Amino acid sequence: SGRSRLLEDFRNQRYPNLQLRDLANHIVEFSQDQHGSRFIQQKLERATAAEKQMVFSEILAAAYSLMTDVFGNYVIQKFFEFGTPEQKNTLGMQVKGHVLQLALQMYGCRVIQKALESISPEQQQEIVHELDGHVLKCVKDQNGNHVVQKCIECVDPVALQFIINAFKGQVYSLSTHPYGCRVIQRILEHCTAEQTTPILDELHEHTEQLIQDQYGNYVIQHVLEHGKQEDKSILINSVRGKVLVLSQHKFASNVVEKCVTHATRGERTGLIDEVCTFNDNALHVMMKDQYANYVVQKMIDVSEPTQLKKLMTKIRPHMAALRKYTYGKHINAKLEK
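Kindly present the structure of this chain alone in the form solved in complex with the RNA.
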């Protein structure tokens, strides 16, 4: 069966001045339609509390089905953003008992995220309690991980301890997971020092593997860009002596750049001198490499003058030849700009 006459006429531009009240008895049908849903979304704000209640009445009967609908989920979200406190509370009761199922659903997870941004701390903690015992399942889920991230962003850290507890012994597995690595970073941004300490401790049991992992390299870079000095120095200690090799790696080259950027003055001198203070060809190998040439350029940018002079002494003899090299030519281009 197909679209009602009213919906089809609306879609064919037959009612260019249509209003919400004209949709009586067809609100759910419009909400399940791409264009009908956009119409409701656009009209809900600027509408009168009386208009919203007729809309709210019809969706409420079908609230759960709309939360998981490709087009209806936006209408539910619109009531979390523009509804009265009572409407928001009534929607919370429709979510109650279904948080996990919605969090794992590709459209339901959008409703849960919007709710978390839109409701009181008390109402947030009702939602979070339903994820206790299902943390790892949600974190490793393509929809659920976004709900867990949003909880960490928006909810009092005290109520998040169950996530920290569930992550014990799982930090390497999650930091190397396409979805888990996102949640680890949210934890490092938003959780308390007592919560991040066991995460960081466990992280540091796996530094060398994480640095060269497809997803773990982002977690390591996060700590270098945002973490405490003590943790940055631990990380830098897994890179010293390894600059040449790691700079040639697609993933780890980015870690090397963050090490030289966020190091202390002395650590940065140590890492840069490793590849230019000895009489070896490390810097030349790096300049010609598809990834390490970016590391050389970063070292040029962050080097204090003493180290810049040392780099330039290694570079200058190769300048004329570098212009023909696929990646090396970018060193010459930088220095000739």
Contents of the next structure:
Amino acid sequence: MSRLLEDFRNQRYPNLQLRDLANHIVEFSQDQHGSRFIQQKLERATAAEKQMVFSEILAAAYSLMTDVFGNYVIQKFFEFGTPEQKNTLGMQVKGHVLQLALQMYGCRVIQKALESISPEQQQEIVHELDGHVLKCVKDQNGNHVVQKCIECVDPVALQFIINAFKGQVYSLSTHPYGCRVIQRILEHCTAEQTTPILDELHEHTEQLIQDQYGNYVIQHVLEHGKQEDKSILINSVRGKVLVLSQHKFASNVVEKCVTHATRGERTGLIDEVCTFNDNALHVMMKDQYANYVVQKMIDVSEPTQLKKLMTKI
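Instead of the form solved in complex with the RNA shown above, give the structure for the form deposited without the RNA, please.
Partners and other molecules have been left off, which leaves just the chain.
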């Protein structure tokens, strides 16, 4: 522990300045108080303090980027650095994406870097994941990076990802981190780029509405997908509303079906209810899951509702 950092920590320098830290930038960045100090000083620092910090940080980049406290100095630097500094620092993030992407403070640096560097260099990082997609989509940190990349960066540039997902969409949509990346891809790539995702989602609609994660992916397509996708889906639920409504996860999807169904489709769903008596009562009304499905059916009709409030506890 250097003397300058010990004394800083002992509260010897109430008017310490960023220039006093020359040759101590790295060590202060890994310190709880030294970090906040440099983070607070960077906004209003000189071009000379900034270049000095940068140059010192550039020397131990990977280690600060993967550090609990160092990462915030790196990030601060992505905010206030210069274009050429951002980009030099960016080449470090790029060279180490594979580690880092899988690491808690590295998740944060990559995400900060994608929003701080020019566009060539954003693509250049995202494209370092080509060959390595599935492992970080399935990682506790790596999935956040893949979402960020999906968010930043042109859909045209996200093909290699649709491609790694081919043959993998059920395994991904059924994985706590993987689903999430599926749901992101659906929102940022066009309906026609993601057709291979939808192909596998329809193929397995059913195994998927009953999966703890999975049902979530099927709900997202219901609240945001194409009409036609919504309908193949809703149309898949027709004839099973009783059984599906008593499923812990599939009930989530029946609810969404009635909400986002079309007028024409909402009447056929609710109408499947205005039939049957062992099922109207006991089951539909009794069930801790299925009874919210009846409530949603109450929230969306009108002379049809009247026919239907023949339910009563």
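Here, rigid core means the biggest group of C-alpha atoms that superpose within 1.5 Å across both forms. Numbering follows the first chain given and starts at 1.
TODO: Examine residue 290 after superposing the rigid core and state whether its CA is displaced by 2 Å or more between these two forms.
DONE: No: residue 290 shifts by under 2 Å between these two forms.
- [ ] Align on the rigid core first; then say whether the Cα of residue 299 has moved by at least 2 Å between these two forms.
- [x] Shift of 2 Å or more: no.
Task: Core-aligned CA displacement of residue 67 at least 2 Å between these two forms - done: Result for residue 67: no, shift under 2 Å.
TODO: Report, in Å with one decimal, the C-alpha displacement of residue 194 between these two forms after core superposition.
DONE: Comparing between these two forms after core fitting, residue 194 shifts 3.1 Å at its C-alpha.
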